[PDB]
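The other protein chains are all here in position, but one chain of the complex has been omitted.
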Amino acid sequence: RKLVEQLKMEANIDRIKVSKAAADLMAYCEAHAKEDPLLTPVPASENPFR
Amino acid sequence: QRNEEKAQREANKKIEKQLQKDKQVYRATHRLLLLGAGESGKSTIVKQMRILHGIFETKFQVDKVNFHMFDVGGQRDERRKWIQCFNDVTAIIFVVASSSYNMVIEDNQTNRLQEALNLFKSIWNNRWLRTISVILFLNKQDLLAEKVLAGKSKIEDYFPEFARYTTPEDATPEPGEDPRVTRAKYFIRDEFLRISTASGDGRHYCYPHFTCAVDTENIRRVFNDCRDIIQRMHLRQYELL
Amino acid sequence: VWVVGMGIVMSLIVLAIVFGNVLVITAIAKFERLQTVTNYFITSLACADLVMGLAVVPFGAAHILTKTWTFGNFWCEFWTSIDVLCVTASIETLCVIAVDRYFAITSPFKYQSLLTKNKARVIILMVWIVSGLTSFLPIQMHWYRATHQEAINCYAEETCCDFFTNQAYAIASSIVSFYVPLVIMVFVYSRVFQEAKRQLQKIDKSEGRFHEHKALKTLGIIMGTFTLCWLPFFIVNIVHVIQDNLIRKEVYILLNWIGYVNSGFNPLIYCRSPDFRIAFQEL
Partner (left out) sequence: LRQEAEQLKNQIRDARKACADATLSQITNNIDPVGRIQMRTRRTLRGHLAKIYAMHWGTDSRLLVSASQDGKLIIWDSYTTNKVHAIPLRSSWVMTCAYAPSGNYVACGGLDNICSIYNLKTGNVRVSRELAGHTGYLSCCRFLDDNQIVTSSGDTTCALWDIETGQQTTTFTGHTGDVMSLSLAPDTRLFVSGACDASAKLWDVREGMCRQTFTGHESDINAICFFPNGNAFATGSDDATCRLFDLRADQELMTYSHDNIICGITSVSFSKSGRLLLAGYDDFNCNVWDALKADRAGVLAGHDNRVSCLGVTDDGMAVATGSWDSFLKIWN
């Protein structure tokens, strides 16, 4: 009753290929890797916790 | 400026001094947990202990020590994922209605006693509760005596091991109890201990009692068992025995 | 070549004491989970053993080997006071450990409130003060003199070392140092054994059907390893002062050195907790 009606809503949705999503995630990571203090260690002269 | 940090360092001192006072109270109190199946008489027991002096909790004092007894919250029958929180309590109080062998709590489930054994087996063989002792309250003794005294609905109908069982030699009977009643009581008690003693590695033990939830001084029994639990823990830690 | 062989034997007795007590000192301070109320007494005992094994034994070994003393008439008294202080402070810690074990087992509910960090620190300071009072003050005041030509010549010479005392000081030092803690420890351990026996009997009565040498061995390792090594020295110390030349000196030194070797045994008797073993394996 309730379950059969709910599954119909999620059955018909728009989907894209895995390749596009992977490319988008990789591009975002590559673009924002510069401003990551955990990845590239910050100099000791600009470390609040040091 | 530097004056801001001067006031901040003073704020810590006032706060850190209050925590020292809370060290004494927290370290000098004991916490107990009540467990059992439905309609087992848990609230009746705590009601009697209340007069002596969400979730249901009660605080009382015996001699000079502090005790803190709280219920499990009275939640529905379920998988217990909150049981991991109570991994440092002093002891676990288990209440079981032994006078409910010929009863069903769905309608096609096993008799309520077998449901109590199933719950006890799961609690005893728990990864988190590997160092917590259990105090057993074989509650509702008067009804069980009345059921056995009247001739009907024998134990052998539901538990076929009653015929092959006999009264233990080291089993002191009660003065008012008849031989037909003393045998019935000990059969249920040994049934619960068989699960406990089988998988025990010496870290935790089980303490059985025969109690009536309304007119029995249970307060001394809990206090004495708690003293033994602490004493045994120290002896094991010091390598002796 | 008695010296060449002995040198090594005394030498092992020096390295082992210093190395053995080094692990206990570092492990307790470095790890936060090992800093408990009871561990303070163990730390104090380890410090005392370290001081003794570092200062006393090497000088005695040098005196025994070189067959002469070189420092003079001041370092001799300093070394004597140091060894008396280290011996007296080592024994009295064991009595405190026995007492706090007795308090923990006999009275479980009041044990948490009875002992705290301040009380433990005060007790340790008082024990150290009592130990120091009987070592430096009586020697420096020169209250342990002797009345015969040999002692007078010994104190006149600047190259000879020997221990001469009168009856009163020896008796007082022995009573203060060894005899008083022994009776307390014996009574405490007897009471603890009685409590353990009662608890085991209760356990057996509760669930005997479906289901004490451990206590015997645990108490024996603690008691015998101390008594059988330290009683002979004190009995001969009391005997030889009240009697005239009933025993040779070599026996006196030999019975004295057993007390020094006891410091090696102590960290094996204690510090057997699984946490200690894990820390030692890691480090």
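Per-chain numbering from 1; labels A, B and C assigned in written order.
The working rule: a residue touches a chain if its C-beta (ideal position, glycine included) is under 8 Å from a C-beta of that chain, and two chains touch if they have at least 3 such contacts.
Asker: Residues of subunit B in contact with the chain that isn't shown?
Answerer: 5, 8-9, 11-12, 15-16, 18-19, 22-23, 26, 54-55, 73, 75, 79, 81-82, 85, 88
Asker: Counting contacts across the full complex, list the positions on subunit A that touch the omitted chain.
Answerer: Residues 1, 3-4, 6-11, 13, 15-26, 28-29, 32-33, 35-39, 42, 47-50 of subunit A touch the chain that is not shown.
As a working rule, only the chains that are shown with their structure count from here on.
Asker: Report, in whole Å, the distance between the mean C-alpha point of subunit B and the mean C-alpha point of subunit C.
Answerer: Distance between chain centres, rounded to whole Å: 47 Å.
Asker: Give the residues of subunit C that touch two or more other chains, as numbers and ranges in rising order.
Answerer: none
Asker: Quick check: in the complex, which residue numbers of subunit B touch subunit C?
Answerer: 24, 27-28, 63-65, 168, 170, 193-194, 197-198, 205-207, 227-228, 230-232, 234-235, 238-241
Asker: Could you please specify the touching residues of subunit C with respect to subunit B in the complex?
Answerer: 101, 104-105, 108-109, 112-113, 192, 195-196, 199-200, 202-203, 206-212, 214-215, 218-219, 272
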